[PDB]
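Reviewing the structure listed below.
With one protein chain withheld, the remaining protein chains of the complex are depicted in position.
Chains here go by letter, A, B and C, matching the order in which they are written, and residues are numbered from 1 within each.
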Amino acid sequence: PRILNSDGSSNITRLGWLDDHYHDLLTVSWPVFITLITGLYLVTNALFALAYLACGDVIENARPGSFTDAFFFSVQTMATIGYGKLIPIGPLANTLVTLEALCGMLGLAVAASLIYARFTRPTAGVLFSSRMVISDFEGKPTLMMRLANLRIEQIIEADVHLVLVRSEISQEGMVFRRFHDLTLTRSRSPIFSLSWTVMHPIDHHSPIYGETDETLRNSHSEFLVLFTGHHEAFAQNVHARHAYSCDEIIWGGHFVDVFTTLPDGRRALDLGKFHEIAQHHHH
Amino acid sequence: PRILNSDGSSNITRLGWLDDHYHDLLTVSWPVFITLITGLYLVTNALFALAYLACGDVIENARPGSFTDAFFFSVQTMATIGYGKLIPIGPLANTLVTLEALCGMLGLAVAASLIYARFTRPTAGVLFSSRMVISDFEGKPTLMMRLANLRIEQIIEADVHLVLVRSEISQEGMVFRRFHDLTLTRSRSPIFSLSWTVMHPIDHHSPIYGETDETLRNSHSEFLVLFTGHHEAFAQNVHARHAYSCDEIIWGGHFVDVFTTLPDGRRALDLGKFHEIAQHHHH
Amino acid sequence: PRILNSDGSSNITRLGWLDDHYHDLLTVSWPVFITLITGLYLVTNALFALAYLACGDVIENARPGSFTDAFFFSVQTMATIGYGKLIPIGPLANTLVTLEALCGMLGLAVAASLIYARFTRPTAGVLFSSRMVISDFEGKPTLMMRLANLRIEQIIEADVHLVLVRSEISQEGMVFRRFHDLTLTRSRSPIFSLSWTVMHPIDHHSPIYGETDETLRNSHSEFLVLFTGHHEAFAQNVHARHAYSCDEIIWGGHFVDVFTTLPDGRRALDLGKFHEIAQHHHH
Partner (left out) sequence: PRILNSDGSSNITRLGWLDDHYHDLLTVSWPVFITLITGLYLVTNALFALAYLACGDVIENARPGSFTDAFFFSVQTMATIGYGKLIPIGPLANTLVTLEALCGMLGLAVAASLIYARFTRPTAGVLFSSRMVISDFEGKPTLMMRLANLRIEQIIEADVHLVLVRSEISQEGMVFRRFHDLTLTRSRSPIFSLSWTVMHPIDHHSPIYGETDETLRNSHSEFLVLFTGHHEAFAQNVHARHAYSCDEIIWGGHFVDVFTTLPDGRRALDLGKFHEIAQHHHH
């Protein structure tokens, strides 16, 4: 019954047409988006066609009062194919022409931006260790997890937040969900390129100080990770979030190592070991 | 007589043609913007038409020395419909043609950017509690208000500023308007997704320490909120501002709660309670 | 003989073809940029024309082996006007056609981006007080200057740096130019909308502590201001820089005030007073 999902998205039921047009257009599925555009496209040409007929027989080589002919003329006109069978006749016909044109291009201009707006979304090639571990490092127990960059490109000024979320009681006795950002021994990495093992020493300042497993379940406490950085691949900012539950903390565990020396004598990164955590079993 | 409006825009009278072209183009209303473009469009084609006539009878199937014909030819040419009745004749005619073309496309290129520039403005789906409240939390009186995200998408590295604005006297006795940023118990939220109740503990460091209501009215003091964050919906930064007056502070009040358990046993968010503030009435 | 100009640009002589293509294209003057594009345009069509002739007489209604005809055909083809007199003949002709097309549009795609890239540059509507002043505020002498927003739109999370630049001697006796960022009583303004008077208290920590005018000239010291913020007008970041010389510091001066009450009883901002500094003359 987790508040937060693994993908880091909160797991709550929300209780609440043309209002949010721009968001909606970027939020819709490509199929749908394309449909909408299409609809709009067809629609407007039909409207234009009517405008033509409305004048009456103003297009060369058009079957008299036939909408199809007018419609297809309108497309050839608005897409500026301008084949040349169907042609404007008289001032009214042409004005509508020079109006459509502009309309068509403006539409392109609007379509483009939408396309580009929806199209240009990078994704940090970042992978999160499936588990966290609590274990002694440099003489203090430390909570850690680790990120691996999945692409050859590097992430610049990358940095990460480790946030504990759990239920608390106020002195006034208000029982709420609170967020604690957890001090990391290293929160910035100006050049993230291969793997980064993030650590929160646990000492008298850690909100998880002197806490066992049972105490963690008890406050229904989870751990939220936000990673962000500027990706050289996209020359644009990227982010990635992940969440862990009390039970994905492997106490006493140690992340295995991912840095190897090849037979060749060349250093390497093995991402098979990435999710592997060493453990002592005491019968 | 408030200095700051609810929308957060300052409420002052300012005392001050082609100077600010780019701003103006992004600032104008869509109707107007479209008009301007249109004007420009029509205009330039007329100019081009004249260029054609100026050569004299250089277009196939054009009524001799008729501007309409030339004009419409110019559009068919510049929009590149190129129907094919009206056609260039001779070097002069065509050079103008190949010039227009380029002109037309450049215009498209310019129109597009404007369109996209004006079109691509997101808006944080963020809603501000209509009121603030001053009340004891964890043993210190605290000023608070709260934000609710209005969309399913999440806001990353969101953060908020609570700024007190009020009149002060210098030792030198200059009576000015000063801004005090108010320390919040939590000013960053790397993953804002549902509701956030922001708090400024009031203690010996709060510029509103040991201040009653009467003292607040007296310094004609308001409270300004700036929220900002990176919206996953738009993959782009968003912001939202709000302002409160001395009298929108509900002393002793407590925001009601918006987190519920459904019959289903599924957690939920009710935004009807969002503006509701509990209060003790003592006859 | 100032190191830094008023516009904030350093005032030094630098001592140092296709190398920096992208920068150069955004850096060139519009006239030039347009020329380049034009050149490129004409050029490529000529090349294409030759390709056509090279096949030999492959265009309907083209004077045999005439470059003009081929050239103009090439434009009508690459701009996709496609009038219809000149037409491809045979596989070779048309392949070149379908190649040009694509070429043309790609060019548009490239032109557009350049245009948009160069076109979309906002400018903070920000005006800098022509002078600084050193005067007592709240019981410490303070260096100040002030910014006024020149537009109705607001600047968000605006902030400013006041940097002293002057010559110094190391213990080792290296005589260099050093930069001192000067602590401001207020360095962030989350919502900058009208005027902001920036202040650097001078106390035992100010690098300009117990410094007279003569001492300032002596270190050939200037003051550099960088302002930056997110402009609502453009929904994009803006910046502005300014520089002051030792002699634009008006000692004992006080900026006059720009906030007024109208006859109407409505508050206002007068930017005529903006550059005016009060002063005591002692015969």
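Here is the rule we go by: contacts are C-beta pairs under 8 Å (C-beta built on N, C-alpha and C of every residue); 3 or more make two chains touch, one makes a residue touch a chain.
Every shown chain that the unseen chain touches in the whole complex is listed here: A, B, C. Set against the missing chain, the residues C:14, C:281 or C:282 yield one that touches it, C:14. Here one chain is not drawn; of A:68, A:218 or A:279, the residue touching it is A:68. Within the full complex, the residue among A:14, A:151, A:177 or A:275 touching the omitted chain is A:151.
In the full complex, the hidden chain is touched by subunit B at residues 80-82, 84. Touching the omitted chain from subunit C are residues 1, 3, 8-16, 20, 22-23, 26-27, 77, 80-82, 84, 87-88, 91, 94, 97-98, 101-102, 104-106, 108-110, 112-114, 116-117, 120-121, 161, 163, 170-172, 174, 177, 179, 181, 224, 226, 228, 237, 239, 241. Listed by residue number, the positions of subunit A touching the unshown chain are 34, 37-38, 41-42, 45, 68, 72, 75-76, 79-85, 108, 111-112, 115-116, 119-122, 125, 136-139, 150-154, 156-157, 186, 188-191, 193-194, 230, 233-235, 259-260, 262, 265-272.
Here is the rule we go by: only the chains that are shown with their structure count from here on.
Separating the CA-averaged centres of subunit A and subunit B is a span of 22 Å. Rounded to whole angstrom units, the spacing between the C-alpha centres of subunit A and subunit C is 32. Touching of two or more other chains is recorded for residues 80-82, 84 of subunit C.
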